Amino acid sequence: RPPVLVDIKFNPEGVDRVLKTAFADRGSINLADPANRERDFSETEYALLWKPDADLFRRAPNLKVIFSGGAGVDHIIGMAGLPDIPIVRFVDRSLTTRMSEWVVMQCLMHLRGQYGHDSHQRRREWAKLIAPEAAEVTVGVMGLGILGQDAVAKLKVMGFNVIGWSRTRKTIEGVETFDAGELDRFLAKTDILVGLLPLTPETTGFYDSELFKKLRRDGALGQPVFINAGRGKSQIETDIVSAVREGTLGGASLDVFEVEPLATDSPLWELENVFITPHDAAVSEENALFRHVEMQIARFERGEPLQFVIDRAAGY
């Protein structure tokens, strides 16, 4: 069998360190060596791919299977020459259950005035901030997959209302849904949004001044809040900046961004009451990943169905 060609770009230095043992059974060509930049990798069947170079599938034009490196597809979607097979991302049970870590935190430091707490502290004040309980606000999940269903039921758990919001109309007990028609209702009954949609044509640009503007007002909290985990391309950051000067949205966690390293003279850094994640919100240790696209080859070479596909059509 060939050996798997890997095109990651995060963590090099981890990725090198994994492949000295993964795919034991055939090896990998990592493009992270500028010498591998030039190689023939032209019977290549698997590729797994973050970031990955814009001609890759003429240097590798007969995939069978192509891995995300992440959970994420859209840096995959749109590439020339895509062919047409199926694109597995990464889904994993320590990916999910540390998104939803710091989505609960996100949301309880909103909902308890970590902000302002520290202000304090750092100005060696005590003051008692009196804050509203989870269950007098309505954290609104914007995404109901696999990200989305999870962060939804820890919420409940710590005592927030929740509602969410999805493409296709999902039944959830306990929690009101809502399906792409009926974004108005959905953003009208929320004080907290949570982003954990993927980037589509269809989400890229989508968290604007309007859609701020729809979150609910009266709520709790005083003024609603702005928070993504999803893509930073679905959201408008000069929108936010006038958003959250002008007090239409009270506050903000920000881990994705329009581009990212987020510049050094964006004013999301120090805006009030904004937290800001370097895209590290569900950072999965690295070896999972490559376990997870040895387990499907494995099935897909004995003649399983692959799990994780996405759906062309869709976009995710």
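So that the term is clear: the rigid core is the largest set of C-alpha atoms that superpose within 1.5 Å between two forms. Numbering follows the first chain given and starts at 1. Compared with the form deposited in another entry:
- Core-based superposition between the two forms leaves all of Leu254, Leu249, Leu56, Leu271 but one with CA shifts under 2 Å; the exception is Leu56.
- Core-superposed comparison between the two forms: CA of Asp16 displaced by 2 Å or more.
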Given for the second form:
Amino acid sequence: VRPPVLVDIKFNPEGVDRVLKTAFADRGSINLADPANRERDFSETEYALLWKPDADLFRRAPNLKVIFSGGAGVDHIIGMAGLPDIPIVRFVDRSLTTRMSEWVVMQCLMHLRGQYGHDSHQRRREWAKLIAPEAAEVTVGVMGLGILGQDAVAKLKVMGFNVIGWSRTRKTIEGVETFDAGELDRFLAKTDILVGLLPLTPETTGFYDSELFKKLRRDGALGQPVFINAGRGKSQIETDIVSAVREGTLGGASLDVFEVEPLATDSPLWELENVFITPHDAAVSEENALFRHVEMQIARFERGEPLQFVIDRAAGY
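Can you swap the form deposited in one PDB entry for the form deposited in another entry?
Only a single chain is listed, so you will not see partners or other molecules.
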């Protein structure tokens, strides 16, 4: 008999309860939201699925073999005291990648084509032809070339954009100029539409700021460059986005993530011209997908195969 999987995830508790009815069917689960588990024995527990876990979890479950993040991010876990030296697996919803690429391509097209203007005129019953350059005249600079960035690059290229990429270690991608960490300024100077698909680490906290926006290409085919972020909200400085749009440093933005979520009602972003807001719904997983992922990794682990999507502790993502 395999021991049940420990689950401590701060999502809709009623939703989690329901998924867990059919998850882990060979072993069951220990839902830490249930008061009947306040004094549960975790001595045999092998696997823990955690999202914003209780601080003393690792004292209670000292024999864990693998930690599974309940999210795509691991900032919620990585900084915890007493985090054991065991693999931490991030949630890579293999079906979510394509949905992030739908969002990225749509946002880039809406900026390329002038959706903001089209919609403003439509609401005023104004017939107003706009000029847009073809995609090939515009360079999209993708920051982050991991699971999400490499899919976005591929699809943006097919739509016709010139695409360049930036990552901590330079990638090799056919047809796409790619840059190392240290080449940030050069990469920004070539970029008309910046697409952010970075994890949140100390190095990427407050990264998208006034100074960065002033380095984007100023004499490109869109007139003024555009900032797009669907990575993590704490990577950007929103007051600097607001100032940059008002002063014309940025021609617009598309944002799915924010420093504080939900975005405050009084944020200036909501009504800023040429700014598109989605409420962190660009690529949210269907509720079972996390559990299917964890189950699959357990199966690999129990056949003696390598875990996938293991984070690099020293790098922080």
